[PDB]
Amino acid sequence: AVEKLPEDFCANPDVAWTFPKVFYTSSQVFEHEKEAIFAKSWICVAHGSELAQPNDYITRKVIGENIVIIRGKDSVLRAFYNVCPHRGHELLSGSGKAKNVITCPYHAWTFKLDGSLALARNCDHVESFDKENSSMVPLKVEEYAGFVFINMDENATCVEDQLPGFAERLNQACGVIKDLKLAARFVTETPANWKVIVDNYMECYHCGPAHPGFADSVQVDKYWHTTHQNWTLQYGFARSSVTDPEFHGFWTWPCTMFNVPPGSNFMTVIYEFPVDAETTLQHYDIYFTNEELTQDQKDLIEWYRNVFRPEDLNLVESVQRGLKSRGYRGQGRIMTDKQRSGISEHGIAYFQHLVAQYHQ
Amino acid sequence: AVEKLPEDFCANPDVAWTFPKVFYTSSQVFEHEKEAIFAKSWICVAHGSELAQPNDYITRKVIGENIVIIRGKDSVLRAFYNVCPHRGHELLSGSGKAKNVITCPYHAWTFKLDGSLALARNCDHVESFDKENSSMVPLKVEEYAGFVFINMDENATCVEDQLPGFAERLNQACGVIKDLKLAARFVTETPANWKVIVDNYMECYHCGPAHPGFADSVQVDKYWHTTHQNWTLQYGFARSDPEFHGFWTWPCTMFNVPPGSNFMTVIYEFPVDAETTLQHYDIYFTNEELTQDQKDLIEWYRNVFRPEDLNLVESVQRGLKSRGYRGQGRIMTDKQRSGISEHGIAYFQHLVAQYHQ
Amino acid sequence: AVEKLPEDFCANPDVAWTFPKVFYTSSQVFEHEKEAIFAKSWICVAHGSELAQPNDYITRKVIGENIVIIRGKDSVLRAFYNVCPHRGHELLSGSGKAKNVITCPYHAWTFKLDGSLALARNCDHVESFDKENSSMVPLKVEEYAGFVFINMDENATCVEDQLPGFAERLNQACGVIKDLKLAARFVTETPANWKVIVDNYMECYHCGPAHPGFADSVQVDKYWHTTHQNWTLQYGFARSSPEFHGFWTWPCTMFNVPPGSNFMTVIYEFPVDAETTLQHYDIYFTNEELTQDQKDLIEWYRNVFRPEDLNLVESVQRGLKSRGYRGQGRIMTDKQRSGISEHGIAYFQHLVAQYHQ
Ligand SMILES: COc1ccc(-c2cncc3ccc(C(=O)NCCCn4ccnc4)nc23)cc1
Ligand SMILES: COc1ccc(-c2cncc3ccc(C(=O)NCCCn4ccnc4)nc23)cc1
Ligand SMILES: COc1ccc(-c2cncc3ccc(C(=O)NCCCn4ccnc4)nc23)cc1
Ligand code: FES
Ligand code: FES
Ligand code: FES
Ligand SMILES: [Fe+3]
Ligand SMILES: [Fe+3]
Ligand SMILES: [Fe+3]
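Heads up: the protein sequence lines correspond to chains A, C and B, in order. The first sequence maps to residues 3 to 243, 253 to 371 in the authors' numbering. The second sequence maps to residues 3 to 242, 255 to 371 in the authors' numbering. The third sequence maps to residues 3 to 243, 256 to 371 in the authors' numbering.
Quick caveat, the hints were computed from the structure, so don't treat them as lab data. Don't be surprised by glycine CBs; every beta carbon is placed ideally from N, CA and C.
Computed from the model, here is a short list of chain B residues facing chain A with C-beta under 10 Å:
| no. | residue |
| --- | --- |
| 1 | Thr-20 |
| 2 | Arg-332 |
| 3 | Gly-338 |
Only pairs whose alpha carbons sit at most 27 Å apart, straight line, appear in this in silico DSSO-like list of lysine-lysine:
| no. | chain 1 | residue 1 | chain 2 | residue 2 |
| --- | --- | --- | --- | --- |
| 4 | B | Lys-75 | B | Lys-114 |
| 5 | B | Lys-99 | B | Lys-114 |
| 6 | B | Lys-142 | C | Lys-335 |
| 7 | C | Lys-63 | A | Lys-335 |
Incomplete in silico selection of chain C near chain B, CB under 7 Å:
| no. | residue |
| --- | --- |
| 8 | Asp-16 |
| 9 | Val-330 |
| 10 | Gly-338 |
| 11 | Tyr-339 |
Work out the full structure, taking the sequences as your base and the hints as a guide.
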């Protein structure tokens, strides 16, 4: 039996509850979200700086797919499943500059940076060798809002159709997105469903108790969480200890988050690549405009690494454990207040209302 | 198809065999035993001393359930599923002294030590906020025989209904139970079905060959294993005569009162899955500060005695999956019911068999 | 629906493709290969040198079965499931010289080295104790080509029926096989289907790119892969500044007689599940006291040669689960059947295919 949700699930944030627990734990729900959501949506994978020059490539894994994204010699950005068409060896590893051809490690077939088979060894002596159908298998990729998105659906349109208006507002909050460079990346296999991790991001109800260092840097009467078109913006004014330093927190469907902290001069990005119902690989990327980091930046990197990020990781991990309990009645009340203050949870209701549309 | 046993399974200990091997390995058998037995029986979790003072609390995990047991400000012992009613964060960790209210770490809802929602931050501004229906979810707990039992079955009666006479007999074996204090705990995730570990305890057929260091005290002809009602007693006199008690109680807690009757060890089996059982091996002394002779005995249990029994049940769990294991094992019951008779296994499995009709 | 193949699957190596990817990943396909192939075929486990003397024994694990192969008092080689018939404890571990009877470590039942029950403690006072049928459970074992093969099918015939002509030809490749002794064993749990590891051994298409240090001996001009009857031979001439043999035998044991013909390496594959295969990589020399050249070569295999092949099969296992991998891979057979032809794969897979009708 398949679990289904109503169309109006969390349609009313003022009186709303989180998903029945099975949606956070069921492997069958995950397998449905994997193909209905993560194989048919634009999945953000990197900032443009990782792929800015010809021959630049990166590799990612999401929902079990090892994918390579590569800027071809023609400067055309492409993405491919990272698997040789001869006998399935992976083609590239890590990140870097590709040679002028991709040489598979197992039998040294070569491919052009557009996936075309360049040379199959001993090809000429193999009967009825299919040169056309021995090329790398592509998927869609789009450079959007200064970042890179992939899509496994061959019939997808463009990122703007998925996140209407998002590219312009993000560039409004940070005017140096195009000069950012990856300063630090935190990689964690998190034992929480991807939806639990989004829930946590979508509210600051927990900042008082769970985030001491991120609690004075934020005004509760000067904090607004507005929903948009498959994304939301959490905006507020800071004063930890520019007559009004602002901060931005974007959530975009399905689960990528873009943060522009006070100053608007750098970004952190949360990438969620789901693994299974109770596992989500996370990239926590910190981006600065300078390549050689000052020590105030290196300290900031370690503060997120060792103090700030561990707090949210424990939260989502404990929640994943708790909601399997028979002592958890099943659903959790979303603490929306009618003024949408800085500790209102209504943003969770907006996210989950979108998720619910995939469970009819 | 679900496995089942004749209700007369091991009804005759003189001619009996262990479960067909699938009962030790099948996930569908385990999931049935998990709910039919471990979610509906009294599960011993601690000695009372761990919960003797107001605000004292402990946490246990059993059959996938994180449970908190907590002595309220009002001195009333209660138990709760260890999960906040708002959005599922765990409430307490480890063991110790709870504050006067429980503060959930995620959104800082407050709960009185009886589970009551005290204050949910900003509730007053949340439409249609439910007062209780947002309280901690409790489960039954009872102090019995000086120990603490929990029960996830809301319609369970009392521990005495489950173990008729056990409190009476254990208090005759050790008269200082309430003065006991936890001296040491061995936590082991053991890769054996919980029933393999009970099988192991229910017989001394193996003590000669498998426990060399535990042979210089026991007497083979002054050893008796008598069955009662959902518990059994292994009773004997030890080489000088000091007596000793080995209680097994349904489903899988064992209480040992070694010679001297002044201390106890207790085996708690918290099953995890068909082939995994969390074990607490607790040693309890009446004194707070351990002597160095007590630390040595603790060490012997930890490094010599317990490894022998853990190795046996781990090896058996592997071996009974072999296609070369014909399926069932003969229970070595003798007419005399000697110090090495295995008939106690038949009593244990006959009760288990009643849950597989 | 269960996955099936045409009988002519890879019957024509000139126009052939590897299995549809489900055959390398499906646990149902594995369970069928497990029982149709690995429980009914002769499985090579060791060289004779390990079991040459009375009471010598080894232990192996393959397809979930812990097996002991033991040379009886009477110099008769036997194989048994390594599980006591009483209550399932394992009987022996590792390799070594067994004592005149096997004494189980749980209840000290004794067995003779031919599997018969010697003495079951207290049996005399146990009602209806079955002495015949309280035996170690045997399985078939055969010494062939200087090696030892087991078979879980008690109606199995002999290894020659499985590998017709193999011993004859192997003894021509290495004339001192009976003089070999185990110098080194690399045990690796490999996350690849057993068939992926065979596919890899069956071709030298990959030696140029994947084995740089192994490239001066791999000459396409002087390298032949001929198929026979459930085994194949990759024979070539090496370049110094001498011939070499590489036998694959059904289902998955590979015997290498490298240049010089004075030593052997052997690849034993013991599949675990669809995506896990335990491998033994055995290096055999005739002398017991290794020289530094031999000690250096063992480490070259351990740190240089074998890691390259292990990475190849591990990446392939990952890659063929990709939705970007079209079902099957083209087997690169060339008309000449050169040293880089992949036709050996088609021979192997056509045989496998016979078990998937
Ligand atoms: C170092 O960057 C990060 C990265 C992640 C976050 C972050 C962490 N945890 C929970 C959260 C909930 C909500 C939000 C949000 O609504 N977004 C912005 C608010 C936080 N902000 C401060 C300055 N700029 C943004 N962020 C959260 C903050 C800072
Ligand atoms: C001290 O804690 C343990 C913990 C585990 C055991 C234990 C382990 N395995 C099998 C067993 C069979 C029978 C019995 C028994 O008769 N138990 C009663 C007191 C035995 N006693 C004598 C001297 N010291 C202790 N115990 C067994 C004993 C003792
Ligand atoms: C020395 O032991 C090993 C052990 C493993 C191999 C080996 C490993 N991987 C792929 C392979 C493909 C083909 C062949 C072959 O052609 N095998 C025949 C013996 C050729 N020879 C070379 C050096 N010495 C002997 N071997 C492969 C070779 C040698
Ligand atoms: S896998 Fe054979 S060439 Fe890439
Ligand atoms: S989860 Fe306990 S307060 Fe929100
Ligand atoms: S288990 Fe081997 S003798 Fe009892
Ligand atoms: Fe947070
Ligand atoms: Fe014991
Ligand atoms: Fe190789």
